[PDB]
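Using the sequences and the accompanying hints, generate a full structural model.
There are 4 protein chains.
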Amino acid sequence: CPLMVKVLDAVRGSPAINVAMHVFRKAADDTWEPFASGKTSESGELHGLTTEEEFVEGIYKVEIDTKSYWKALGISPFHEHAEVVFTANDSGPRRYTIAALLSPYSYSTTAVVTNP
Amino acid sequence: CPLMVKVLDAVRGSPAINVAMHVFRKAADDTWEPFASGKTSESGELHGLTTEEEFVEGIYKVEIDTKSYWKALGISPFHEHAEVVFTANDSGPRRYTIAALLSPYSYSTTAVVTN
Amino acid sequence: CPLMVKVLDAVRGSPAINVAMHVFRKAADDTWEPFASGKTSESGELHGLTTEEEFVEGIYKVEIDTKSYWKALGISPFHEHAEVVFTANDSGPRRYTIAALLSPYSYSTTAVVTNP
Amino acid sequence: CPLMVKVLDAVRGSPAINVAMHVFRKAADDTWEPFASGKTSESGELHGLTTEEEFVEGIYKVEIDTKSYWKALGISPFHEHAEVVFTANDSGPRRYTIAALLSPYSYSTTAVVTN
Ligand SMILES: COc1cc(C[C@@H](C)[C@H](C)Cc2ccc(O)c(OC)c2)ccc1O
Ligand SMILES: COc1cc(C[C@@H](C)[C@H](C)Cc2ccc(O)c(OC)c2)ccc1O
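Chains as they are written, first to last, in PDB author numbering: chain A, 10 to 125; chain B, 10 to 124; chain A', 10 to 125; chain B', 10 to 124. A prime marks a further copy of an entry chain.
None of these hints come from the bench; they were simulated from the model.
What you were told as hints is all true, and nothing was included just to trick you.
With a cut-off of at most 30 Å between alpha-carbon atoms, the simulated DSS-like pairs for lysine-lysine come out as follows:
(1) B:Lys-35 / A:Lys-48
(2) A:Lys-70 / B:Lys-48
(3) A:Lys-15 / A':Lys-48
(4) A':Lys-35 / B':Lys-70
(5) A:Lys-48 / A:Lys-70
(6) A':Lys-76 / B:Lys-76
(7) A:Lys-48 / A:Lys-15
(8) B:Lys-70 / B:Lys-35
The following block contains the structure:
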């Protein structure tokens, strides 16, 4: 797939399982339209969000629900969620992996962009 | 100040200077109400965003304009900006330092919350 | 395999390819004995360093040659190398993924530990 | 000081206090020669490790005892310690701030190098 998200937990040394996330695309009128959503698997990965044909140029936002993740583990974290906002496919189609590492008071995100 | 932001550049090993950011508080209708902004100093810090009287409990967003920063350096960045969204003061006023580390395809944010 | 290393580049948004690393194990006399070595593939991964039978309890050190990586890209980085030192298999065999994200003046490392 | 270390705790959102560290310089025979040490203050900082006269070019290692830190908190950590190895002063003396962020299974280090 053209868009994959991988989430790790830095406190437990594990994938971050069952993390909900919502993906949005910026519409012509500048509002965020819902695009896709899902939750991470046992390997901390979310696959199958979109297709090469559907995933056209645009500005996309991945909102990762890190707060609910930590709350379910008994932890009151700093962030409400983690956000990744980026322009996709501006120079033709690419494949995007969004990776996030989570701690209660910190998060780090990186992107791997590969040419099909 | 109850709220300070510090921005660092991981490519150059320096404070990230002249980085613009806006701070928003979530309104009753779920919309983001702007209330403070500024740009980072020569030490990569932005102070004086708010006061303890004004900085009441609520959900706050800091939107850091990282894209403009990398553009000014001639480096093509991945992100449109970096956001930090958090609930403040859940059990009394705290001093918040939000630190952001920037790379062209990555960013990290950490909070130091003291009493 | 019981030990895998994955390295990403935060400047280029890519796996970190051809990164050399050496793995050591602490001997009875407290010296670091060479254990395994290799370099990352096109996917930024190093597999096949050891086997479940060879990878006994002990303290291990993974030394990742980040300086040569950056130098080959024209960059003079801060760190000489990135080190990960840990006790492995203290409570029975586990599988270990060591993940590193690299920038010229920063590096971050995390571990995913899974029970076979 | 030409060299300062700052340690932060990503589980608790605080300075990591009373964290022990040792600093080494690489000797002619490729061995690590200890020369400075200390533990972090209430603000998670360790200052006064060296002077500009003493802090000559060379390869330096800071070994931070993160395992003892997590043990004191009753948390089982992954790493034996966190190391930072770097060449100093390659083109004149710089002030170095090394910042380390700690989680039980992760650590990150960043350098801010100023003139
Ligand atoms: C709050 O004060 C500071 C914070 C920081 C942030 C620093 C401790 C970390 C390494 C920034 C960071 C956060 C998360 C990461 O994954 C990360 O990886 C490089 C780096 C630097 C200097 C400071 O004076
Ligand atoms: C290339 O896509 C992948 C990346 C990864 C690694 C990914 C989870 C990175 C290393 C996670 C990460 C994100 C931000 C960080 O600061 C970090 O520090 C080690 C680690 C695993 C599987 C993949 O298919």
